[PDB]
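What follows is each chain in one-letter form.
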Amino acid sequence: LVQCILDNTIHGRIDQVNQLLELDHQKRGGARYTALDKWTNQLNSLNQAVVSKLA
Amino acid sequence: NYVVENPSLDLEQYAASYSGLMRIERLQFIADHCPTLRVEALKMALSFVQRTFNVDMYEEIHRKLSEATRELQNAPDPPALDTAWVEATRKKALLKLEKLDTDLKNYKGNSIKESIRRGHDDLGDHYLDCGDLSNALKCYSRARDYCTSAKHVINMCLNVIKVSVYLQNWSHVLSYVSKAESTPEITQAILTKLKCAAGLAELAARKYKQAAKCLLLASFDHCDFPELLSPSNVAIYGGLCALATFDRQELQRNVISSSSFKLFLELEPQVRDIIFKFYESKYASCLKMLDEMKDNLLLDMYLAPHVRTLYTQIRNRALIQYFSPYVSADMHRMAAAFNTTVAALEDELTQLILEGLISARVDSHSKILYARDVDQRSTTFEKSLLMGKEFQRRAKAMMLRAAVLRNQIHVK
Amino acid sequence: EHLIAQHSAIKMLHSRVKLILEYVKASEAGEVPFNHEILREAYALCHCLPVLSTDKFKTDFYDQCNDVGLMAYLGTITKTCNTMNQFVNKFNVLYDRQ
Amino acid sequence: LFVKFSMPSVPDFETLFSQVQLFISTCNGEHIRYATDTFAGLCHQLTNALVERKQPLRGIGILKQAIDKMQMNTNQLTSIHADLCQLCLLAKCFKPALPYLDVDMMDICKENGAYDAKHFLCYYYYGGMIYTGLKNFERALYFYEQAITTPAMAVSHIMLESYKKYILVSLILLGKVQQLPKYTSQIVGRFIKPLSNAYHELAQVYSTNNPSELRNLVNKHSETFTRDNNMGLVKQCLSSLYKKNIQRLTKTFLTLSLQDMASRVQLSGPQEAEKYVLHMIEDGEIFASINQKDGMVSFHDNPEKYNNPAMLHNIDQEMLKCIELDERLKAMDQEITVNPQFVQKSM
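Protein chains in written order, with the entry's author numbering: chain B, 389 to 443; chain A, 74 to 150, 159 to 267, 278 to 503; chain F, 219 to 316; chain C, 62 to 408.
If we strip away everything but chain B, and leave its shape as in the complex, we get:
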C-alpha cells in the first residue's frame, strides 16, 4: 500500500494506528479555489508593490 501511494496510483492515505486505509474521495471538486487564492494573493501583492513604487 505504501509503494502504491508513493507511486501516485492510490489517491489515499493509511491509518496505521487502527489498521485502516483512508482513501480520499475526490468528490470535493476543488483545485480551483487553490488557483483562485494564488491569483488573488499574487495580484494583490503585485498591486501593493505597484502602488508603493508609484507613490
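Keep in mind the hints are simulated off the structure, nothing from the lab.
Where is the CB? At the ideal position from N, CA and C, for every residue including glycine.
A hint or two may mislead.
Cross-link-like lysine-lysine pairs, in silico, DSBU-like; alpha carbons within 35 Å at most [unchecked claim]: (1) C:156 with C:130; (2) A:474 with B:441; (3) C:156 with A:480.
So the derived label-pair ranges between C-beta atoms look like this [as the list claims (entries may be wrong)]: (4) F:272 with A:434: 28 to 38 Å; (5) C:404 with A:448: 17 to 27 Å; (6) A:259 with C:404: 38 to 48 Å; (7) A:481 with C:324: 32 to 42 Å; (8) C:377 with F:242: 35 to 45 Å; (9) C:92 with F:226: 57 to 67 Å.
Following the hints, position chains A, F and C against chain B.
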C-alpha cells in the same frame, strides 16, 4: 566542525586510486583530519611528495611529519629531510626547466602557434610538477591564445579546469566547462570528462541539484579519471546528492535511465542499498547505514562540510516521505522507524512543522502524528480577508500621503 | 433587463396562481364540487410550495453565497485599485516630478 | 481674546476660562475658518498653560468643542488634535479621544499657512500612545507608521520617540519589526536607524526567540529603555513573546500536556501554563481546550467554516467601506482633473 577520530580507513586504496597533485592534496587532507592515523598518512604522503620535484609543500609536509614523529616519541614512554634532496632536486629541476624554457623561446622566435601552445602546456605541467600553481596558470593562460583546432581548445579547457581545482578557482572551471561543451556541436567520450569536472566543481560550490544531475550523466566508460576524482567517490558523490535533492519519482527515473549510475551503484553497494531502502520505505535501515558511511566521508577533501548539510537534508526528506502516505501515523511507530528516541523524533518533527513541507500536527497525548488536511476554502477566505484588511490599510495610508502632499505639509 | 426577466417569469407564475385561485373560488360557489385529480394534485403541489430544506441544503446555499460574495469583494478590490492607480498616476503629474 | 492670550496680561484664569466657555457655548464662528491661524495659536497657548499647571482633564472637553467648530467635515485633521491627544495622555483619560481617533481624516488644514508639521507629527505620536494604552496595538502601529512616513528635512525628538514606539508595538503585535514602506520619507529614515540601535537590538534578540536571553538583554539595557516614559511596553513585549510561542505550539501540536508546554515555553510550572492558556482563550487568541484529568491541553483549528451569516455581514461591511473609499478616490480624481496643469498638458 570536522577533524573527528574515526578508524578503518583504507589508506592504500584511497592513495592509489588518485594520482598527481590531486593525490597529494587528499593525502594531506586525510592526515590533517584523521588523528591516530596521521603518521602513516604523512609517511605515505612525504614518500610520494618527494617524487616529482616538490619544493614548498614538501617543507610543510616534512615539518608536519617531524612533529608527528616527535609526538610518537612521547606517548608510549622527527625524521630528517635529507637536505641533500634539496641540492639534488633544485639542480636537476632548474637545468631541465631552463632547457625547456630554452626550447620554447626558440619556438617564439619561429612563430608557430601550435608549437607555442604545446610548449607552454609542457611548461605548465612542469611548473605543476615543480609545485608552481600560478606559474603553470600563466603558461596555460598564454597557451590559450595560440589555439588552432577544436581539440586544442578542449585540451586548453581541461588544463585550466585541472589547475583551477587546485587553485579553488571553481568559477574558471565552470566557465571552461561551458566553453568546452556549448561550442563544439553539443568512441572518444570527451563530454563525460567535462561533465565530471562540472559535477565536482558544483559540489565544491555548495550546489547539489545541478551536481547530481551532471554526475548522473557521467558514463562509466570514462573509467580512469584520477586527476580530478576517483570513480568510487563519484558514485558516492552522485548518490548522496541525488538522495538529498531528487524525489522518489525523480530518483527512480534518473538512476535507471542513466544506466551508468547503475554501474556506479555496483562499485559502491552501500549507497545502492540506501536508495533502494529509500524507495521501499525502510528509512530505519536507510539512516543507520548512512551514519556508518558518514564517519568514512567525514574526512573527504570536498565532502566534509557539504555532506553535513546533505545528510541533514536526507534526514528531512526521509521523514517527509515516510509520513506522506499516512493521514494518521503513530509517533511510536515512526520513532520505531529509526534508532531515535520518542522525544528526539518529536523535537525533529516539531522542527519540520515549523519549517514546513510536512503539513502535520503532533498529538503528544497518545503520541500520534496526525496529518493536516486543512480545506483550501477556509484558508483562502481567511487570507483573502487579511488581504482586504491590508489593502484598506494601504489605501488609508496613500490617502493620507496624498492629503499631506496636496496640503504641502512637511517639516522645514 | 435581468430583473425584468425574472419579473416577467414571476408574473407568469402569479398568473397561473391567480387562475388556480379563481378556479377554486368558483368551485366553492359553483362549477364542479370536486374536480378530483385537479384539486387533489393542487393540494399536493402547495405541499411543495414550502419546498423546505435541511441543514445540508442551507449550508450549501450559504457556501455558494459566501463564495460569490468573496468573488464580488475581489472584483470590487480590483476596481478600487485601478481607480487608485489612476489617481496616483495623476498625482505624480500635477505636483510631483520624476 | 487671542490678543489677550498673546500678552502676559492674562488675568484671573477662572474668569478667563468662563469667558472662553461662554464664547464657545454661544459660538457663531461662520467665519472663524478664515482666521484659522489665530485660533490654532490660541489652542496651543491654552494647552501649554494646561501642561504648566498639570490640569489636562478639563482641556479635553474644550478642545473637543474647538475642533468641531472650525473643521469643515469629519475627515479633516488640524493642529488642535495634537494638543487634544496630549491632554488625554497627560490626564490619562482616553475615553473622549477614541471616538475622534477612529475617524480616518485626510484633509490637513493649512491654518492659513501656520500649520507646522510638528503638530502633524505630535498628533500621530500622541494618538498612537492613546491607542497603545487602550491595547489597540493595530491602530497604534498604524498611527506610528504614518508618523514615520512624514517627509522631513530635519531630525526631531518627537519623530525619534515615534519610531521607538513603532518598534515596540511591532514586536508586541506581529512579533517582528514591520518593514518601512517604499513611498517612504526623507532623512528621518536615514538618521534614526543609526539612532535607535537598542530598540533594533531588542528586535534582534526577539527574533532569536529566547525569553531568558531577552530578559537578560532587558536587564543589560534597562536604563536605555528607561528614557521612554514607559517600561511596561518591554514587559508587554515579553508577554507577547510568551503568547507567540504558545501560538506557534498550536500550529504544531494538536494536544500538548501542561508539563511539556511549560518545559518548551520555559515556564515555572503547569499552573502558569494553564493560566496563560486560559487568559489567551479569554482574549480570543487561542482555540483550545484543557483536560485537567490527564494534565493535557488539546489545541484546535479555527472553528469558523465561513458558512454563517456573520462572515457574510462582515464581507458586506468591507463592501461598504471599499465602496466609500472608491467614491472618495473618484472625487479626488475629479478634483485633480479640475486643476490647471493637467488641462494645460492635455490641451
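Okay, the hints, checked on the actual structure:
1. Our distance criterion of 35 Å between C-alpha atoms is met by residue 156 of chain C and residue 130 of chain C, whose separation comes to about 20 Å.
2. For the proposed pair residue 474 of chain A and residue 441 of chain B, the alpha carbon gap of about 24 Å is at most 35 Å, so the pair holds.
3. For the proposed pair residue 156 of chain C and residue 480 of chain A, the alpha carbon gap of about 25 Å is at most 35 Å, so the pair holds.
4. In this structure the hint that residue 272 of chain F and residue 434 of chain A lie 28 to 38 Å apart at CB is violated, the actual value being about 48 Å.
5. Distance hint for residue 404 of chain C and residue 448 of chain A: a CB-CB separation of about 57 Å, inconsistent with the stated range 17 to 27 Å.
6. Checked against the hint of 38 to 48 Å, the C-beta distance between residue 259 of chain A and residue 404 of chain C comes to roughly 58 Å, which is inconsistent with it.
7. At roughly 36 Å, the beta-carbon separation of residue 481 of chain A and residue 324 of chain C lies within the given 32 to 42 Å, and the hint holds.
8. Look at residue 377 of chain C against residue 242 of chain F: about 42 Å separates their beta carbons, and that is inside 35 to 45 Å.
9. Here the CB-CB span from residue 92 of chain C to residue 226 of chain F is close to 59 Å, well matched to the stated 57 to 67 Å.
Hint check: violations occur at hints 4, 5, 6; the rest are consistent with the structure.
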